[PDB]
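**Q** Read off the chains here:
2 protein chains.
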Amino acid sequence: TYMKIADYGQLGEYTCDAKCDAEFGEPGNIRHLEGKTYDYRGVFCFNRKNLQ
Amino acid sequence: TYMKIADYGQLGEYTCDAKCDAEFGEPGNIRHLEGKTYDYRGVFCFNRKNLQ
Numbered sequence: 014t015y016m017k018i019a020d021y022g023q024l025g026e027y028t029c030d031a032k033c034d035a036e037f038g039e040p041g042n043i044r045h046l047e048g049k050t051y052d053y054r055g056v057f058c059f060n061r062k063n064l065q
Numbered sequence: 014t015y016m017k018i019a020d021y022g023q024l025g026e027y028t029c030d031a032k033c034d035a036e037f038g039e040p041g042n043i044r045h046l047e048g049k050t051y052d053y054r055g056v057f058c059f060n061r062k063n064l065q
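Chains as they are written, first to last, in the numbering used here: chain L, 14 to 65; chain D, 14 to 65.
Okay, chain L solo, but in the shape it has when bound:
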């Protein structure tokens, strides 16, 4: 698994220079998603004399 940072939120807003506080902004998502892995295999035979 791994992280999938989606979109940075809008944090600042350019307020007026009188208020003694900021204003809330939109958050960001991280979307911790995963993924699997597959396998590959096979076989093959032989004789012993027919190979010597």
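Hints are supplied without guarantee of correctness; some may be wrong.
For identical chains, the list gives no copy identity; a pair is met inside one copy or between any two copies.
Claimed, not checked - Derived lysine to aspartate or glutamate pairs resembling EDC-like cross-links, with alpha carbons at most 16 Å apart: (1) 17 / 47; (2) 62 / 30; (3) 62 / 34.
No wet-lab data here; the hints were simulated from the structure.
Chain L is already provided as a structure; the job is to place chain D on it using the hints.
**A** Below, chain D alone, put in the same frame as chain L:
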């Protein structure tokens, strides 16, 4: 007791040189049998003066 192995089995068969296997053979017998032993004894007497 002692061993009495009867007869060695027939193991090999001169098979064809294509099959990836042998063929089973007859077994052998061992006949763990026993035997006892007998005893032999007797007595004979004498006088004492008549022997001096």
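**Q** All hints, please: hold or fail.
**A** Results of checking the hints against the structure:
1. 17 / 47: within (10 Å within a copy, 72 Å between copies)
2. 62 / 30: between (93 Å within a copy, 8 Å between copies)
3. 62 / 34: between (89 Å within a copy, 14 Å between copies)
In this structure, every one of the numbered hints holds.
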